[PDB]
Each structure stands twice: as C-alpha cells, then as structure tokens.
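Novice: Each chain is listed here by its residues.
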Amino acid sequence: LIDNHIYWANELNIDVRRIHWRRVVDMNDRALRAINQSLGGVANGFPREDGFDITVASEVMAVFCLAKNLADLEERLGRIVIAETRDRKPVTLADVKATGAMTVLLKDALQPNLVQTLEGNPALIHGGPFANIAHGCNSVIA
Amino acid sequence: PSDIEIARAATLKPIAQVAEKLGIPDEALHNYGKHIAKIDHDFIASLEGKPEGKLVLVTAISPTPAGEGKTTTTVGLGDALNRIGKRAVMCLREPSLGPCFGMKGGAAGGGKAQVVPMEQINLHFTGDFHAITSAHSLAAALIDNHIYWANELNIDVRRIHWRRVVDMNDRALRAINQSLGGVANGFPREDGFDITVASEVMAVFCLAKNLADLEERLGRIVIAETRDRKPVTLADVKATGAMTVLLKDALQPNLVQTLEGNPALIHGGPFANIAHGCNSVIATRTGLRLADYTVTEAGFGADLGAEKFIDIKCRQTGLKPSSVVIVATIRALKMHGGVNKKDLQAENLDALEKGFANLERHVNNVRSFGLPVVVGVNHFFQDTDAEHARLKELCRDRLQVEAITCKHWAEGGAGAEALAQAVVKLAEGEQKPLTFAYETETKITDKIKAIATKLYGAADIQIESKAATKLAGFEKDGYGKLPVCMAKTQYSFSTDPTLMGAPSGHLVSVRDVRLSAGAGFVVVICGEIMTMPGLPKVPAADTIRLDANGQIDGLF
Amino acid sequence: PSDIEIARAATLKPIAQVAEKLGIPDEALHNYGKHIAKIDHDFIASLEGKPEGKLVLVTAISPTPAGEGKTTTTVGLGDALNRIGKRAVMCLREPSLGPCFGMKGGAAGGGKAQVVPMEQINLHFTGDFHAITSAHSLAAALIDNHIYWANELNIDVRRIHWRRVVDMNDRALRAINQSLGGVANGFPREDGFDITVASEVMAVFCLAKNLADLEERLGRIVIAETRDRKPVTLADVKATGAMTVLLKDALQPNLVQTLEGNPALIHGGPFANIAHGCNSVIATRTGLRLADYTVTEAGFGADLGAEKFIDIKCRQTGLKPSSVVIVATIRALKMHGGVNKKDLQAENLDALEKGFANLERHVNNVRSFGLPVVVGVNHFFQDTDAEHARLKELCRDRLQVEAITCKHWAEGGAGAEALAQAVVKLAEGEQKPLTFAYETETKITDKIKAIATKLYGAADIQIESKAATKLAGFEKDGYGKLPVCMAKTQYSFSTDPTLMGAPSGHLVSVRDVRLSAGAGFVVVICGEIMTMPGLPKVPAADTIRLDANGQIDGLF
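Residue numbers (UniProt numbering), protein chains in the order written: chain D, 143 to 284; chain H, 2 to 557; chain W, 2 to 557.
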C-alpha cells in the first residue's frame, strides 16, 4: 500500500530516502537484507532502497503481542510511523489507510492457540517477537 | 606496409602552409601541435558573405564483411581534384576513441589516401569528444542535482529520457541504478550510459550554424517528463549556457591534411542510425566558402547515410550537393550475390550480376532526389579484367551510369583522376531541383512509410503500440512536421541484417521512437541498436604499449 | 579590478618567446593555440644529467575562511625573482573542471600575480584531466570485461577497490549498481564514481619520472581481491600499457606565462588530503634544469602539503628545497586568535599574538626537516602599520625568523622583490641535510604516531578495528616500509576543524586506511572524506554563459 500510494500520486509527499517500514518473510534469507525495488520503468513505480527482516522483527508482531483485543490492535497499528515526508513530517499506517485491512488479516490469528504438555495440562502458545528489538514475551491476550 | 607505417613515413606540412591554400592566415589558426589547428570563430563568421563552391557527397552500397573503402575514395577523390587543377577540401568525422581499444583503430582513409596525423585523429584529436562528454555529464549532474534539492520541476525519475555518456566501450554502464547509499546521495533511479557519439549533444554540435544556434538547439532537448507528463528541457534545468561554454573551442573546425599536402577538415562524429551520421555543418559550410569543391561523406550506405545527408542535413541548412559518388567493390557486390567471404578470389560473374541489384537500387534512390551520380569502384588485385568489364556493361546498360575504376588506395591522387574528371562533369552539367523523400507537413508515420516503401523496397510498415502512443504524443505536442531518422541495420534495405542484395516486399516494424528536439528530427527504432559497444574476450588494449623508442604498437 | 578583467586586459607573448627564456626551441613545443605549449618528451630526456638549480617550496599557515594567497605568493615570488635577475619558473597544479560549475573558477594566483590564460587553465586546458579520466575509465572497463567473459582471475564483485571517475561534482554516482539489464550486460556489482582528481592515476601521473615509471606504477595498483582474498593488480588485467599510451601526450608539462611574460609550468592536480597535494614531478624536475630558481607549492598548510611534499615527493624523487616560504595574512592569524570572518577590518591587538602560535608551530615544523624558512605576509589595505610591525617583532623574538611584507597582488612583481632577495640569501647559504619526520624501515603505526606527536601537537593516536585489521594486511603483504598520506581536516593541526591556533593534548583517531601501491603511499583516514563533491542548490553553472560578443560570464 505504501509503494502503491507513492506510485499513483504520492499524495502524502513521502520521501523514499526516509521510509522506515521495511518488508518481511519468515525464512533465513540473507539475499533480502538490502534490495533496490520498483525497477523496470514506469508501470513498476519509483525505485528506492529497501530490505527484509524475519517476520518476528515486524512491529506488527510487537503490536499483536501487546494488543488487549481487536480494537486496541487497530489503534496501535494506526500510530506506527512508517516514513517521513520531504518537509520531514511523520507518516503513519493510518495516513496510508492500512490499519483496518491489516486487522481483518490478523482477526482469527489474535485468538490464542490451546495445546497441552506431555502430562495433558493446558498450554497457550501465542505470538513471539524478538527480545532485542522488541520485548520477547507471548501475547497479553494469552 | 600497413596504413600506419604509410602514415608514419609521411613528412607533414606545417598546418599554416595547408591553411594558405584556402585563404586562412596564420593569425586565424589555434595550433594543436605543428600539423593541426582549429579555425577561429571570428574568421568563420567573417565568411558569411562569400559564395559557395561545388559540394560532392560520397555515399556507398549496403556494407559487407569484405569492405568497400568509402572513406578512402573521399580522400583520394579530394587528392585527385587538387591534382587536376581544382582547389578541393575533404570534410570527415573524428572517430570514437573507445573502439580503438576493443578492436584496433584505423586510418582516416587507407593506403596512399589518408588524413594525418593518424595517431592523434584516433585518440584525443583536439579534445572535441571530451568537450561533448563534459557538456553532457554537466546536464546529467545538474538533472539529478535539481531532484536532490526539493525537485521543483516535479521531474518523474521514471520518465527521464536523458542518459549519461563516456567515450569507452564499457558494457557495464549500459543500465545502472544511481543516487543509492542514502539521503545525502539523493533519490534512487534507473539510468545508463551510451558512448559519447550517441549523445544528442553530438547531433546538435554537427547541425549548429554557430554558438547562438548551439544554445537555441541545446535548450529544445527534452531531458525528462513531469509526473503529470509535461515536458522538461535542458533550458528548464538551466544547462544550455554552461554546456555552450564547454563547447566554445570545440565548435571551431579542425584543419588537417592528406598524405599529399591538401587541406582536410575533421569535425563531429555522430551515429548514422540514431543520428544523421554526417560531419559538422560548420566544417562543410567552411569548406564551401573557401574551396572550388568540398568532398564529404555520410555514415553507412546511401539507404541510410545519403538519405539523412539530404533529408536531414541538406534540408535544415539549404545545402544542395553538385554530384554524388556511390562506392562499390567487386568483392562487396559478389557478397550481395551470395558468395561467402572466403570464396571471393575465384571469378564469379553470376554472383556479380545478382549483387548489382544492391548498387542498382542506391543509384535509383539517389537519382530520385534529382542528383547526378557516378559509381566509384575501389580496385583489388584479385579482381579479374572481365569482372570490372561486366560491372561497366551492367551500369551502362541498366542504370545509364559511368563506373570508374579507382586505384587511389595504391597510387594516391593518380588512381582517382578519372573519377575527379567525371565528378567535375556532373557538377558543370544540367542542374535540376533538389527534391526530398517526404513533404514536411505529412504525418510522421507517412514520412516513415514514404522512406520504407520508396527507398527500402518494403511492402508496408507496422507501428507497435509502445511507439504508436508516443507518435500520437509527438504529433499532439507539435513535433509532427519534424524529419525522420530511421534507426535500423545498415547491412540490408530490410530490418533483417541477413537479407542481402535488393529485397522487395519485406515489412519494416517500428519497435519504438525517441525525440531529438535539439537536432530537430524523430529517431525511429526498427531493430536492436547498440549505443554502448562491449570489449571482446581479448581487447586490443591487452597488447597496446609503448616500445623502447616510445612508439605505439597494437593500436593499428 | 576583478582577476578576470586584469587577466583579459593583458597582451600575452607568443608562447615560443616565453619558452626562449628557458632555452626551449620552438621545435620542442606542442602548441595548444598561441598562449600554451607542451614541452616535448625527447627535449625533456636530453636534460637528464644537466645540473639542477635552486628549488623554492611555497607553503602557508592553516587554511582559514579569510584566505592566505599562497598561490599569489608563488606567482609573485617567481616574477620578482626574474625582476631581480634570477632566471625563475613557477610550477602549479591545473584545477579540476567540475568545481568550476559548482562554485566559480579562480585566477591561477590573482591580482597582478596571475598565470595566463585564465579561461583555458580553469576549463579543458591541454586535455590532461581528460586523458586521466579516459585512462581511469579504460581500467574500469577492462575489470568488468574480465569478469564478463570468464573471470579467470576469480575477482570478487563484493571486493573490488577500484571505482570509476568523471570530472564533475556528481552526487548521483557516489553509489551505483552497474552491469544490470540482463545476460549481455554482465554480472551485477555495486560500484561508485569519484571525481577524476581522486584517482590514483592522478597521484601516479604527478610522481612518475618518465613513461617507463608511469607504466611500472599503474601496474602495482591493487584494484580488487579474488574470492579467496588474493590481491589483483592493473597488471593482472593488462591495462597498464594502454593507460600509458592514452597518458603519453599528457605527461608532457604545459608551458604558460605570468602577466609579466616569465615562464610558468602547470601540470598535475591531485588532492592534498588523500594524496600528496603537489604539481607533477616531471614539471618541477624540467623547471630545475631550465632555470636558476624553480618555485612550486603544495596544497593546504605546511602540516599537510609541506609535510607530504617532503616525506612523499622529495623522499621518492631525490629533491631537496633550497628554501621554504610560509605564506601568512594578518586576517588569517587574527581568525586563529578567535576573530570571526565578519570582524577582520579593525586593527586587533592580541588576536594576532595568539593566532601567531599557528605560524609558531609551522616555522618550527619546517625547520625540523633542516630547511631555511622566511614568512611571507601577503598584505591587505586593512592591515595597520602596528599589525605588520607587531608580526615582525613576534617573528624576530619567538622564532629567529624574518617576516617580509608582500604587495605583489596590487603592485605586481615589484611588491615581492624584498621576499625574492631573502629567498636568494637563504638558498645560497648554509644548506643542512634533509631530515624526514619518520624512518622508512618502521611499523606504519609508528609513522602515523611520529607525524601526529612531532608536528600535529597530538598526545597519541587511536587505531579503530577496521583500520588496525587492514594495516596488519598491508604489513604482512610487504607494504610496511611505505610513506603515509594523512587524510584529515586542514583547518586544524588536530582532527577537529574548530580547534584553531596551535592546540596540544588532542587525540588523532584513525578510522580507516587505503593502499596506493602505484603512488607508493598508505592513505590514513581520520576525518570524514568526500571523494565525490556535490553541486549546490544554485550552482555557478546556471549563470555561466556567453555575451552578445561571445565572452564568458558567470565563471568568476
């Protein structure tokens, strides 16, 4: 949605040198640390530097594990600063109208997973971010 | 001996002594060593009164692996005209420096028909190509500089037509990503390099009348498009003035000489596919106002070089050539007759008649322009007497045209006297109106079809969508009345390089079009065009050295 | 008036007349118009074994925003030397083209102490910067080409040290992706461009004794590593010969004149932070054998330019300065006293005395090499009769040094006769042997620590991990007994551009090192370095132009 925003008119005046939001995939992939993207001329959009982290590095994962409910999750995501404009003003996920769509993508996921130990006692497995660039705990909801 | 050994053995006149034989005082020359000078702006401005002599154009047949020696005839013809009591000057192009280092360099001509110093023409002659590389690099720098500092014109980084340049055979710079490494460095974008002679700046150089016109043209160049798809000019990024200053000295034409002491101008060096492939308009104009005859050539054969020399150069300038020589070799015609280059020794008059088809079209194409024609045959020892005789028979019976054997590659002036006698005759005889290939107020697509169906033998043309949209854009933005610069293979009147001779009923597909508003023509892409050649597996460079005495080996 | 008005108003001697003053005949001269000639290679060779004259080093105090007029002292000094009868030649560096279109160009010197002509010196001159670019640009081509066709050397695209060059302030090219566009274009790499000036070709050109030495030096340049970390040189890619061939004409020094018709050599223009900051060795060597007195300068103050000029140039070449002139202005010393740019007009009592400590460490520093010094104070019409009188006292008492007032800017040669008499008296007096800062056979670390403690006023040096590692690399591989080239701010003896005067205690943190094996020095990086500068928002380019009558505006 961010690059798509930039591609149609850049209405928010986003500076592609100042995007803080990167991409994710859940794979140990060193090839994607540092990319150039949006290549191949006009219809592919505005070339910019970019890179990938592993899914757990994602702030989305931090916000998932600290959400009380679906309402809280949408506000938290709303506030994420994803870039700066050329006049150096902050741009969020709400500015790019990404918050509601991301929430329905996460709706079923925000229900905790019940499983059991070898002795049949209840166990909740939910979420798992980094303990260096995030707080390294399971979900509040859980 | 090799062309280079022939050049090295020559005893050059000091250029002041060359300059006199045109009326150029020493006060008017800026020496580059003792045997090169530029002719000062003020002396050339001084010539706007003087009448113009005869202009002779030297085109050729569709090229062959075998060679035809176009350039060699230009210099021999010029030498020969001098010999037979006519005061004559040669106009030629500077070659790119960069290809010297892939494949070898080459003489300005060949054998005993050469323009010298050879070594200096090949490398940094007077620094013309450097000045163009510097002019072009500044408008590159100033474009990404405008975008770095708030991008005021709203340049769309995906719509920038302007590329960069260098006079090296560097395939690495064909397609780059640039303004990488962060904020301080700027807005990432796609870009690439062409070889310096492919620069529109080079086209404008060669078509400019003076420094006023160079700036007016440079400022018409469309460098990019805004997001809302409005045009952007070198004038918008305030580039013209600075570029004109880096070309002030460049724009003076270079006076130099043949092996026989005669005056020769070398100035400009553009492509003949994506540009008109002629030398600077200043050069030929300077020749016409100082000599009885001026001999110039056009890149490639008369399907590409001559058409452009008439429909682009002659049309913009008012110039009208006296007469046209079309160069042929027996070997070249036989290759267009199906003979593979190894089998060229054996007499084959059958193959000679077949490939006459190629020559027959060029003569008939050039005549269509209301221009007198003689055929220069550049001799070769393996050529039988009956092969030369059947070409003369064929030229007289079918085209009613004279086929003059020239041996100037071996005998110098002398070998081209018969040809000089015959050019002078065409010039002195009946002068008809200079017609063109299209009317200027036809649709571009009709200018394209008129060149394809009248000169190439083609059934029709096809415009793919990419180009159809742009031609529709070009015609709406008021570039409709512009000439047409057909960018295609030289090896065939068709777009298939392998179809030799004179193929009829082929299809010319336009893949794409570019706009050169500087030069004032529309580039029409009909194949894959090289604008940056690569180096071979073993570049000439690996063996280019100074010996003990500091001579240059491996360059020729 | 303006430097360019003074420059233009002059009537210049035909260059062969300026030549005559050094015994050079017109046979040995490769003209670039009337007012410039190159000295012929065969003529320079015939001067081997002919005996050297006196060699005068002009250096300055620590650069300020006020300006010092180093290059005005040099042209002054050389003209004055000729006025008082010593036969003298000035050697200087040709300025880079690219900066002319960012900020303006400058006079080579200034006021009545100019070398001319001023336009050509600031622009293409004799195409030397062009030749170096071309040579640098072939080396890059050959490297990529070698990878393309098989990569027999096993070059690692992540470990190529060699970058490309253009003579333009082009920020867009500092960081590049190249060899994009598919199979035929080769193997995608990360790449960048420096300005032509930053090339090791440049530093090699300015240090080579003849074409044989040039070729040997190019070929020792390390351009990449293999995947298994083996170093790969320009010899391994068979570039050296063709680089040399392209650099042949260029290695001949360019003969120019002063506004007084006295001979001036301009050749070379390397950086003074990541290189040795000096004009070509060929130039100053030719000067010495044609002249009694030979005046040459080095960039920035004597903490850098002078230091490098002695520990790199003299050390590699065998040269010893007969005497040293340290240039100083009241306005600069006052600025070192704490006085901001804005408040320099009024007499300042103490500013001069606390700022003098900057000059106090320069004189002591030069002497530490065994060289006679004289302080040239370049006058300004703001300078009071007490300020100039004060500076002489401090020089008399604190040092044992003469401070001579120089009015060569306004008056011409006559205003530096006094400075000339003193340079004579020192050159033909006691001539102690030349010391160096560090011994050769020592750890590169001890050579840095040496420079910083003995000259910079520093307490110690830090070596970061990045640098420490690479040094250990240079030390095992055999590059341990190499000179050092301190890349660092020029405004301070410390690494901190703000600490003016003569600061002690400071630490010299070495963040990175670089190997120049061809120039044969280790570049030592402390400050942040910029090998590709960037145009301003309103660059000088925008108002550079020609008049009605074709004069250049906007460039000065």
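FYI, nobody ran anything at the bench for these hints, they're computed from the structure.
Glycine included, each C-beta is placed from N, C-alpha and C at the ideal position.
Possibly wrong hints are sitting among the right ones.
[Said to hold, decoys possible] Below are the DSBU-like pairs computed for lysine-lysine, each with C-alpha atoms no more than 35 Å apart in a straight line: (1) H/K249 to W/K14; (2) H/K51 to H/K343; (3) W/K239 to H/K35.
[Stated by the list, open to error] Heads up, incomplete: computed chain D residues facing chain H, CB under 7 Å, no partners named: (4) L174; (5) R175; (6) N178; (7) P189; (8) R190.
Novice: Taking each numbered hint in turn, which are not upheld by the structure, reported in ascending numerical order?
Specialist: 2, 4, 5
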